[PDB]
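*Asks:* As a plain string of letters, each chain reads:
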Amino acid sequence: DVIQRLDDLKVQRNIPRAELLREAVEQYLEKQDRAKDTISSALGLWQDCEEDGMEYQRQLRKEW
Amino acid sequence: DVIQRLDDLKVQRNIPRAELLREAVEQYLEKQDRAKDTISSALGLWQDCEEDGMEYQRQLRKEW
Amino acid sequence: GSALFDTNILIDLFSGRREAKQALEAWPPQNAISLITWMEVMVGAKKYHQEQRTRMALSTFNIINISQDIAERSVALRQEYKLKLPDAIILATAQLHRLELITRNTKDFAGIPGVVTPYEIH
Amino acid sequence: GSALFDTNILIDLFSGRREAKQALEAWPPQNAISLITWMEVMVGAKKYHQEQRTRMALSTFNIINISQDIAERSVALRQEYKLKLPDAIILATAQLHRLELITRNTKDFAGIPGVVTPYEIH
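Protein chains in written order, with UniProt numbering: chain A, 19 to 82; chain B, 19 to 82; chain C, 4 to 125; chain D, 4 to 125.
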């Protein structure tokens with residue numbers, strides 16, 4: 019039924035279903051790329067932070 | 019920019035100022051003792067509770 | 004002269020302290036509490052099995068949710084005054100809405116503008 | 004199929020642990036954090052002076068505010084699993100958005116459905 023929505027999508031678009039997937043697959047992979055980018059620059063973003071995250075957490079749950 | 023609301027309430031009502039003032043004062047009083055009722059209703063609701071407020075607060079503050 | 008009441012005062016009231024009744028009467032309705040306070044009071048409402056009646060009393064308060072710029076102020080207040088995070092959030096809530104913060108906690112809140120200490124434990 | 008991430012994993016990420024990097028890449032974007040986590044992380048950013056760029060990394064997440072119905076769930080969850088209030092709020096956020104909860108806290112969260120622990124350290 020993903021195949022049906024694909025070809026009634028295709029009525030509108032005038033494009034082979036394989037470009038509908040190399041649309042679908044593409045955009046998705048680009049979305050994953052963006053995440054990878056953000057996470058990579060965050061690591062490690064705190065220059066001078068040696069703290070363990072779980073230790074950190076336990077402190078602020080008891081709030082310092 | 020205050021009482022030139024009220025003297026036009028005189029023409030938007032056709033009732034004296036000395037009336038408009040009473041309704042105001044009486045609605046105020048009415049609002050206050052709905053609170054005095056709520057507050058008096060909530061006093062000792064937890065009866066069987068010997069727990070102090072700060073220590074309670076400091077307890078769940080810390081972690082809980 | 005609107006009022007935001009800290010958790011310890013509401014707890015005092017439900018526990019039957021007349022000092023809290025006097026604290027809540029000392030300010031014009033409708034008064035306010037943070038969502039943080041609502042939750043911590045409901046913890047006690049459940050333990051003591053007053054849940055429906057407490058929820059009834061609490062709903063007469065303006066109940067202010069924690070949103071992005073209460074959170075914004077909260078982070079800032081926490082460093083300026085060296086505050087515990089929930090303390091900072093309740094203080095941030097008061098500031099943003101221009102409410103007096105009424106709390107029994109002097110240790111943390113003394114020297115902080117817009118905060119009133121109503122009464123004392125022995 | 005998305006997850007909500009606890010503060011400890013985000014702290015580990017900014018602190019330079021690949022363990023946290025992999026834990027995040029193990030779930031699809033857009034991921035989510037509680038507004039509580041946002042505050043916890045932004046406190047550390049100040050300490051370490053990255054506050055602007057940390058704010059930009061957090062913005063990629065879905066920052067879920069603390070609502071009245073999240074408050075009601077947290078109250079219940081706190082009693083059920085004997086959770087601290089912030090932990091209950093974060094668990095409540097994940098349940099009401101029907102997200103998996105990713106955390107390194109195995110002490111409090113083990114035996115609770117929908118809670119996954121990606122990695123361990125000393």
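Keep in mind that the hints were calculated from the coordinates and are not lab data.
There may be inaccurate statements among the hints.
Keeping only pairs whose Cα atoms sit at most 20 Å apart, straight-line, the calculated EDC-like set for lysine to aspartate or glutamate is [to be verified]:
| # | chain 1 | residue 1 | chain 2 | residue 2 |
| --- | --- | --- | --- | --- |
| 1 | B | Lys54 | C | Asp111 |
| 2 | C | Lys110 | B | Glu37 |
| 3 | D | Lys50 | A | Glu37 |
Sample of chain A residues at the chain B side, in silico, Cβ under 10 Å [stated by the list, open to error]:
| # | residue |
| --- | --- |
| 4 | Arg76 |
| 5 | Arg79 |
| 6 | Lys80 |
| 7 | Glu81 |
The beta carbon of each residue, even a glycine, is placed where N, CA and C say it ideally should be.
*Asks:* Of all the hints given earlier, name the ones this structure violates by number, lowest first.
*Replies:* 1, 2 and 3
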